[PDB]
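For reference, the chains in residue letters:
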Amino acid sequence: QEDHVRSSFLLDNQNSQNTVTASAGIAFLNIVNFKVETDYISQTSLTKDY
Amino acid sequence: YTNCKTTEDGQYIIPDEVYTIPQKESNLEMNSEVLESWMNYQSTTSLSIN
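For the protein sequence lines, the chains are C and D, in the order given.
Under the entry's author numbering, the first residue of the first sequence is numbered 217, with each subsequent residue one higher.
Under the entry's author numbering, the first residue of the second sequence is numbered 67, with each subsequent residue one higher.
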């Protein structure tokens with residue numbers, strides 16, 4: 217009797233997360249007040265098996 | 067079947083004009099193959115402006 221068993225397992229995984237927050241405020245002396253804030257979140261994940 | 071001839075192991079009746087060589091051979095071959103692939107992708111973008 218002969219018996220061979222071969223088991224290969226490959227796992228891959230990537231997570232990528234970017235965050236940006238840009239704020240800007242011009243605040244005069246109670247005449248003009250202009251405030252701007254932008255936000256940007258990019259979250260990805262990729263898992264592969266075999 | 068005049069002589070009621072029998073194989074030596076006593077398993078079968080054979081005609082008088084034949085003879086049996088006992089070659090009790092067995093061959094087994096089992097091949098199993100499993101392939102499994104798993105790809106998981108996940109994305110999430112989020113933009114905020116004020």
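These aren't lab readings, by the way, just hints derived from the structure by calculation.
Using N, Cα and C, we set each Cβ at its ideal position, and we do this for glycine too.
Keep in mind that a hint or two might mislead.
[Unchecked claim] Quick list of in silico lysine to any residue cross-link-like pairs, SDA-like style, CA-CA up to 20 Å:
#1 C/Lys264 x C/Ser232
#2 C/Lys264 x D/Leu113
#3 D/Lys90 x D/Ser103
#4 C/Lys264 x D/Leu101
#5 C/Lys264 x D/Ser103
#6 C/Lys264 x D/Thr110
[Stated by the list, open to error] Label-pair distances were calculated between CB atoms; the ranges are:
#7 D/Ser109 x C/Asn246: 42 to 48 Å
#8 C/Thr263 x D/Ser112: 20 to 26 Å
#9 D/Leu101 x C/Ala238: 45 to 51 Å
#10 C/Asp219 x D/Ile87: 26 to 32 Å
#11 C/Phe225 x D/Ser112: 50 to 56 Å
#12 C/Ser223 x D/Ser112: 36 to 42 Å
#13 D/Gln108 x C/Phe250: 34 to 40 Å
#14 D/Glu102 x C/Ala238: 40 to 46 Å
#15 D/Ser112 x C/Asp228: 21 to 27 Å
Going through the hints against the structure:
Distance restraint check for C/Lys264 and C/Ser232: the Cα-Cα separation of roughly 15 Å lies within the 20 Å cut-off, and the hinted pair is therefore satisfied. At most 20 Å may separate the alpha-carbon atoms for a hinted pair to count; C/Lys264 and D/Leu113 exceed this at roughly 28 Å. Distance check on the hinted pair: D/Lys90 and D/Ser103 sit about 44 Å apart at the alpha-carbon level, beyond 20 Å; violated. Between C/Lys264 and D/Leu101 the alpha-carbon distance is near 14 Å, which keeps this suggested pair within the 20 Å criterion.
Between C/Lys264 and D/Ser103 the CA atoms are separated by roughly 8 Å; this keeps the pair inside 20 Å, and the hint holds. Pair hint C/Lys264 plus D/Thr110 holds up; C-alpha atoms about 18 Å apart against a cutoff of 20 Å. For the pair D/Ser109 and C/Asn246, the beta carbons lie near 45 Å from each other, so the given range of 42 to 48 Å is met. Separation of C/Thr263 from D/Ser112 is about 21 Å and conforms to the stated range, judged on CB atoms against 20 to 26 Å.
Distance hint for D/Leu101 and C/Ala238: a CB-CB separation of about 48 Å, consistent with the stated range 45 to 51 Å. Between C/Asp219 and D/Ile87 the Cβ separation comes to about 31 Å, which falls inside the hinted range of 26 to 32 Å. Distance hint for C/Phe225 and D/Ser112: a CB-CB separation of about 34 Å, inconsistent with the stated range 50 to 56 Å. Range check, C/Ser223 to D/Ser112: about 41 Å between beta-carbon atoms, so the 36 to 42 Å window is met.
Range check, D/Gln108 to C/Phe250: about 38 Å between beta-carbon atoms, so the 34 to 40 Å window is met. Separated by about 45 Å at the C-beta atoms, D/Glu102 and C/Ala238 satisfy the suggested range of 40 to 46 Å. Evaluation of the 21 to 27 Å hint for D/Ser112 and C/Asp228 yields a pass: the beta carbon distance comes to about 25 Å.
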